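Below, in structure tokens: the form deposited in one PDB entry, a single chain.
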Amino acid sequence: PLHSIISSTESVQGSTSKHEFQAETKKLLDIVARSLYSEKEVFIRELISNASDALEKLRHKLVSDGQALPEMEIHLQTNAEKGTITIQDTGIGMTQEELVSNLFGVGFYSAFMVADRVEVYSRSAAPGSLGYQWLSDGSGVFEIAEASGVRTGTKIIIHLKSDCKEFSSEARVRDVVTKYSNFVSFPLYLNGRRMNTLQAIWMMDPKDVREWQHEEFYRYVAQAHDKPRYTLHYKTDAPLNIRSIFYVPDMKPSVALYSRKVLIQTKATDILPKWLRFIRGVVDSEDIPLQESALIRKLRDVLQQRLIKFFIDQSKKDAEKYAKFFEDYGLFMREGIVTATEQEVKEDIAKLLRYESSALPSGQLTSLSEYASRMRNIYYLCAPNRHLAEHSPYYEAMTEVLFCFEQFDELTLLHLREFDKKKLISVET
């Protein structure tokens, strides 16, 4: 199973030319290495992502021009003795100008957070392209030389800081890799061993997903053995860039925050209203950078609205299955209603609520709007059982009414004092 492509074939025959970019870039650079990211291990993530993006560029072009595909792999090698960590990719390399002009690569710089000396070799995938070597110690001055024996792609060799040698250990690197890069879009190896094994299905055309795939991914993100009770595959580009999958568990009573097929936070509870905390799955957007009160709240609402409609349409696609779901999760809806501030938010959430009707036969649950059809005001009755609710003289004088058999349901109706073109009033007035 041993497989590695990283070895020291490159070399520079001549001398290098020294460069020092402008003071501002120097500041932005010291900023990236000191205060940009809150975690240091994430450098393994950023570089990996950059490699993946480069490989697609090659594949997309080799296909757009109809040529055979080479080995599109991503390799990471640790050296504890030399205290080094290397990452190489076959993805279409960088030109000489690029290696000088750039500064995308905003994430490549993250390495200086852990490295005191960075060493790079690149060879643009275009034929007849030359390989070049890029050196730097983080002081704002880099060297460029023409290198030989450079394979098409990019190779990065990091000489860790005296205190960051922990990464040079394989086990540590694999922990980080499996933490962030478990869904990378290209084969990834670490000292020879393939690490990733998961497909980020949340990027596929929803019409091209299979049920067993959703079950596997649900059991991963949720870490359960039951199957999904409900599944929502949401892609959006008009409000914001969203690619997510939401699962309602089969068993009765969090969501991951990915981006560019790489994970930022595993418990992105902010992305969904607190009353929807029972949802599992993933949400992936290109709009996110250990604190979150950001404007991404708009996302938190786009999802809140989208999920509501999803739960409404489901009620109209299967009433008994949704009835079981509501009997199992209505606690959250009533909570989110009692907690909502704008009455519009409450009424939106309340559209999921279902009750038994005086005109409907016992055992039938209806939404507020559905009852609204037969109508100038809504009227309910909080009684223990259907027999008691029908026998009720308060009801005996009748036109159509709804029945509550639990105290929290009555309190819920009393919280949202009104609904749409209606007013919620107790028959026991």
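Residue numbers count along the first chain shown, from 1. By rigid core we mean the largest C-alpha set that fits within 1.5 Å across both forms. What changes on going to the form deposited in another entry:
- Residue showing a CA shift of 2 Å or more between these two forms (rigid core superposed; candidates 42, 62, 368, 29): 29.
- Relative to the superposed rigid core, residue 296 undergoes a CA displacement of at least 2 Å between these two forms.
- After superposing the rigid core, the Cα of residue 132 is displaced by less than 2 Å between these two forms.
- If you fit the rigid core between these two forms, you'll see the Cα of residue 112 move by less than 2 angstroms.
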Second form
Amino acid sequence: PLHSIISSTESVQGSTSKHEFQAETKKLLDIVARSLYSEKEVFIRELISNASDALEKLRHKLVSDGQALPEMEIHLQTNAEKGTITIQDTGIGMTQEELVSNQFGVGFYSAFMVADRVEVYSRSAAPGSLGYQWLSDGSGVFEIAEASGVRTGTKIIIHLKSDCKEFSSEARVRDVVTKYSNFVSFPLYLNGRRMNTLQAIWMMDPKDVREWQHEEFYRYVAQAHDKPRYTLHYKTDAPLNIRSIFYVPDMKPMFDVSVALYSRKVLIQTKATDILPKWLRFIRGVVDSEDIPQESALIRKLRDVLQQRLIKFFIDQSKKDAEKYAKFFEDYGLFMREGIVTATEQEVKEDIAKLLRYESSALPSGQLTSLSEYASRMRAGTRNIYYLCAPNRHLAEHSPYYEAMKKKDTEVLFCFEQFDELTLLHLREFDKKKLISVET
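Output the form deposited in another entry next; the form deposited in one PDB entry has already been displayed.
A single chain, with no partners or molecules, comes next.
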């Protein structure tokens, strides 16, 4: 059966009171009316986001009391024969003061992007609150009147413009909801039918997400069938709001030609390249930041924060399980080398270089060392990092130049990957120590 709450229960006994929009609001309404910039479908995800916020505010306050929880739901209704789309939620609602004084910005301008007029009913969840009707056609006036039959929460009826009638088709609205609003955290219904929505596990505290939940989400966001070999659930609130999960696949890398971008569980970009550095394009997963608006200073800042955190994560993994990290470096190490070569900043080159692992003349065959570990073994008076590129360890060890160096205890990195020469040429130095090939 169907489950709908939207219907014409409201009535207004008296006359409305007329108010004039304040000057800046009127100016923004003028921009909307004249704007041809028309990613028009966005109003739906903003209204759903505001409904979700209103529901959470109610739920938290009732839980802070001993109070039972009512039905907390978001409903959409389309009406083709009347050219409307309606959203209604059973959240905290608005007082008359807020309807006159006042998120209320974002829901407002995008509604008037698609509306000839907007008809709102709201009733605060506070006990003894009255219901109100708010009306505007986007001119400099709005109307408010006390209304009977308003359900606690907020209902917004958008009377669509003649060129926006597509949003009174159920199938069109269904697709918009699924595209941008699939992870809304309260039950969502369209025309009485429950929408298939998913759990935004990146918002949970990382200690609460189980491996089976990560495996299901990884397979979903990567459209994969393996499991992730690594999982980084990164939550921070400074300098930026970040709720993110990053996976690296169990399978090897073609992946050589990403990460979805959200803002409080609202999709911004399905496949947001530019959010990670190019060399991290093998990462799958999701990044959610409240701080999001396009080659902005903010995106650059988020990218640099995430790069540092992922490098730290991989360093941490090498300490937790060196054998698993060595396999990761074997499988994904060409991305690290690419990043060193293409990086502009020396500090970024050296940060990525902390992930490189090489054999060494000082270690058993097959055992790997990092550049930092090599540096900690350098003997006083010797101030450079020496390496030798060769096809295998036997050929490196029988270099006449290495053999001579053995006499004075100098460690030499043994590098067997064909792109090691270019990587270490471009790195040039590490921790103020020049990288020098022992053969020219």
